[PDB]
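What follows is a single chain, given as structure tokens, in the form solved without the partner chain.
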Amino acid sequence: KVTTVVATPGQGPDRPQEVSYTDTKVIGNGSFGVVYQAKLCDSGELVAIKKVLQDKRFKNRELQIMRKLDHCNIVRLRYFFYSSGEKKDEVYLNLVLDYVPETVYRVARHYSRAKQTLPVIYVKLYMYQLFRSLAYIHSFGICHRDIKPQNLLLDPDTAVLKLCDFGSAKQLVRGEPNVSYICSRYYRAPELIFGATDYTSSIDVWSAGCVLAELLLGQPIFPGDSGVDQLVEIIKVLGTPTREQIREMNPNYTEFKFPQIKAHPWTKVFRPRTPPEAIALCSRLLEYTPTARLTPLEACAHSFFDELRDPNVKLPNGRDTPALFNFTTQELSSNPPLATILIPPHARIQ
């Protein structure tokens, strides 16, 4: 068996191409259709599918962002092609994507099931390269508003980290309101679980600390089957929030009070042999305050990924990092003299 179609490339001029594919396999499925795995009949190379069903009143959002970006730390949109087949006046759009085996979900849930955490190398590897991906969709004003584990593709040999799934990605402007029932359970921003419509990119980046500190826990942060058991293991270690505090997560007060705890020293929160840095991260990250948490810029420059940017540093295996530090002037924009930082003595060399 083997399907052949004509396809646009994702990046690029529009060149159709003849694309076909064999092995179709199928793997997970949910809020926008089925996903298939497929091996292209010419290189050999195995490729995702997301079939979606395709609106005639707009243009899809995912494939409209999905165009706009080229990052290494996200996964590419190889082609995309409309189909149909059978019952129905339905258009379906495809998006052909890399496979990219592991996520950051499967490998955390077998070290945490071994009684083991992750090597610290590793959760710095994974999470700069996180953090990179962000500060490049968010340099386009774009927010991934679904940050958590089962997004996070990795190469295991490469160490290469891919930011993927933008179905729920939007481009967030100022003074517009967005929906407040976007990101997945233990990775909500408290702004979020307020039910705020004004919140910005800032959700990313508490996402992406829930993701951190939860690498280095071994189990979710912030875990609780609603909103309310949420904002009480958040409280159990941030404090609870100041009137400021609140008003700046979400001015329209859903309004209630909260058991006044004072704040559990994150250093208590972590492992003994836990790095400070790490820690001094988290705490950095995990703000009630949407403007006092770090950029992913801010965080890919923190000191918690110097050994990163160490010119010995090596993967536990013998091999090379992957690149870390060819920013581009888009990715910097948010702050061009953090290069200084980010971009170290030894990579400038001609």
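Residue numbers count along the first chain shown, from 1. Here the rigid core means the biggest group of C-alpha atoms that line up within 1.5 Å when the two forms are laid on top of each other. First, how it differs from the form solved in complex with the partner chain.
- Residue shifts between these two forms, rigid core superposed: of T197, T158, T242, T254, the only C-alpha displaced by 2 Å or more belongs to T254.
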Given for the second form:
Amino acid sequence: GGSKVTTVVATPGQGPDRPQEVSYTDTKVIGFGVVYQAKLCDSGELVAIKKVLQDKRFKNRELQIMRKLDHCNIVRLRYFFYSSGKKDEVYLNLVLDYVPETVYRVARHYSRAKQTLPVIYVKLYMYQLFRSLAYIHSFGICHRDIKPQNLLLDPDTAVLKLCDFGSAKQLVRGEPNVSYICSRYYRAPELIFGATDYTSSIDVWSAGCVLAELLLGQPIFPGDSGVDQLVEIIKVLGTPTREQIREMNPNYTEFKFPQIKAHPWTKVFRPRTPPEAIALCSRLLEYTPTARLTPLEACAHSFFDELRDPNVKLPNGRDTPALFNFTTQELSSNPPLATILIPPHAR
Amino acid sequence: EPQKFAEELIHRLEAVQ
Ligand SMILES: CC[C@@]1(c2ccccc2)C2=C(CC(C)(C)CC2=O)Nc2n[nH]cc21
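Could you please show the structure of the form solved in complex with the partner chain, as a counterpart to the form solved without the partner chain just displayed?
The next block holds the full complex; its first chain is the one shown before.
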């Protein structure tokens, strides 16, 4: 509680379900559930506690996803436990690692100063994001809410962690999913068209929007609504062809859309933007979902070559965070890419 | 349902053409 100590029987987020007593203190409300910050008594480490109503007749979707995951670029589920409310009401409590900053907050610092994030950080943040996406996608899990607000950031170590799996779902080919998902600025165009048979490549579109935003200093597609979101995309990429539209949603064959020319892609970004950043962005923000890079292919992109330099260091004089501890799971979509991904000095 | 969305999109694109 506030300055009381609360002791609960909680299950560790990894391994078998053997609950044990866990104590925490210093609860403070941060913000469809409720989110608290707390301190674990045994270690003093700060945690976030997400508390949501949970019906006993089914298992929490977010919890079942979180328990599968163990990756340095994904927020850790330390524990989970259940608590009470209204007659027979039960809350699920997800005890997550607490990280003080996000990419949203850090990038907003540079915007208000009218400045741009130095590209070394763009490389570091996007690389770790793509690693987290390769990892979750290897399980069939789509995050469905990739945006700067869901990218935890430790500014001292430059470690990035993907968080807020409340929208995430295991996508199964042949089973429909909801189309009004993802935050609007980062929503893939096939979702805007109302596709229900989409794939994990919607996360790659969202990541491309994040990369563009970090390069630009503001969201690249600031739509006023679902339809205006697509208009904003079209103002940059031009009208999708009839073919690209069919690849996004095959239900628009009786319609011919006005032809808008694409903006010159280099003129979208500031003059000195690295060409490899622009090239990577163009391979993420593709209308045709199957044309987008996979997360693992994105990690191998030339834009991240600086991160594989043996002499690379953070601007604060510290070593780079873990970048090359790839697992078989993470590499499973294209294992030979490890020849690029793991440099000789990292073996 | 596509018919409603497409008609809206066509008008918004004509306003920028
Ligand atoms: C405590 C909750 C939080 C979060 C929750 C959901 C999305 C993103 C971040 C969160 C912060 C710092 C913050 C951005 C200032 C406020 C905040 O909502 N750090 C976290 N670490 N783990 C979860 C979090």
